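Okay, here we've got a single chain as structure tokens, the form deposited in one PDB entry, with questions on binding and movement later.
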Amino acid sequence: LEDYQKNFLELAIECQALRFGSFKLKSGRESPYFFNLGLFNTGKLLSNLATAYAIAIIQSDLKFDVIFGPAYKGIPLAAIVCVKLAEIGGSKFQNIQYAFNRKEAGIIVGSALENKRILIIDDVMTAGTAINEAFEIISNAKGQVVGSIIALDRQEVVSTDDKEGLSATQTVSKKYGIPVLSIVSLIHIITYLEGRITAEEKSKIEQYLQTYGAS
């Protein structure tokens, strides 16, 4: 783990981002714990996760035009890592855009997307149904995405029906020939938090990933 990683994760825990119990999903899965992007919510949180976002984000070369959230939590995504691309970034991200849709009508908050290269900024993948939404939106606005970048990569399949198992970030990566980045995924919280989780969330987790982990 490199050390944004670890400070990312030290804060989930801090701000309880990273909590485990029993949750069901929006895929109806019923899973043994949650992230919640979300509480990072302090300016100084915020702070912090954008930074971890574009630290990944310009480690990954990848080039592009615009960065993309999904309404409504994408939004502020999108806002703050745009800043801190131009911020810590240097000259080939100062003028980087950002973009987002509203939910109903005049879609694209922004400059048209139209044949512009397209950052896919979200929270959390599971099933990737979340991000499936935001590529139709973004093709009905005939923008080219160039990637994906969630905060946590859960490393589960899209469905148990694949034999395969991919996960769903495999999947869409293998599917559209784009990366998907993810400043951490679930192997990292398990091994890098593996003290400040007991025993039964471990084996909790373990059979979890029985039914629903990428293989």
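Each form is matched to the other, and the largest set of C-alpha atoms that superpose within 1.5 Å is called the rigid core. Residue numbers count along the first chain shown, from 1. First, how it differs from the form deposited in another entry.
- With the core held fixed, residue 63 shows a CA shift below 2 Å between these two forms.
- Once you line up the core between these two forms, the Cα of residue 147 stays within less than 2 Å of where it was.
- Taking 2 Å as the criterion, residue 180 does not count as shifted between these two forms: its C-alpha moves by less than this amount when the rigid core is aligned.
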The other form holds:
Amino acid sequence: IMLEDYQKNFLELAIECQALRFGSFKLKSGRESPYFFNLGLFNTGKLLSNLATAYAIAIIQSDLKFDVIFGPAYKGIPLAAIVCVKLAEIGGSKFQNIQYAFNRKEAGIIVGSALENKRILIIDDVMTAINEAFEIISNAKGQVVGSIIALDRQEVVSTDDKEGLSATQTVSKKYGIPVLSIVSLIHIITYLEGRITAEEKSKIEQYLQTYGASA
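Shown: the form deposited in one PDB entry; wanted: the form deposited in another entry:
What follows is just the one chain, with no partners and no other molecules.
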């Protein structure tokens, strides 16, 4: 009803491959969470194919205009790559010539074409690092025009500031750009209706209440 078909498909695969788990989980903060998410578990050719398609459709539907998809080392490298491919495969003539690029985290160089006057989309797995990418890109004269992750957790950044912004909202405000996501926690909650009873369904909604950011 609210959920697109690519979002429903992503979430069912997410649950099947165990990238999305439900139960009792303690976050790094110590806060207790009704689910756990690891995109890494999208780890086969089939799963990666579907993951790439799900990112690709979110990007096409967003209407965002860009020249280069950029994935921060290390998790963003394979993601940038498979999604660049997918865009060209299902996106039509406009997405044929989209370049991809990423960075060596040397102990900084960019692997790809010159970013000067190029509009850049950042792709990564999650958003929790962000400034690093913007720095690298702006140094190369690249203009970041957007960001996409798989799951927007929609959690307020500060505990004792319930009316504060989420991670994605914070980034979107600072750089003036959209931060897309395949799904958000509200989407998880929506998909779970009729798959669970008002038991765990409640738990998660009551977690969105306590820790979730407003639209």
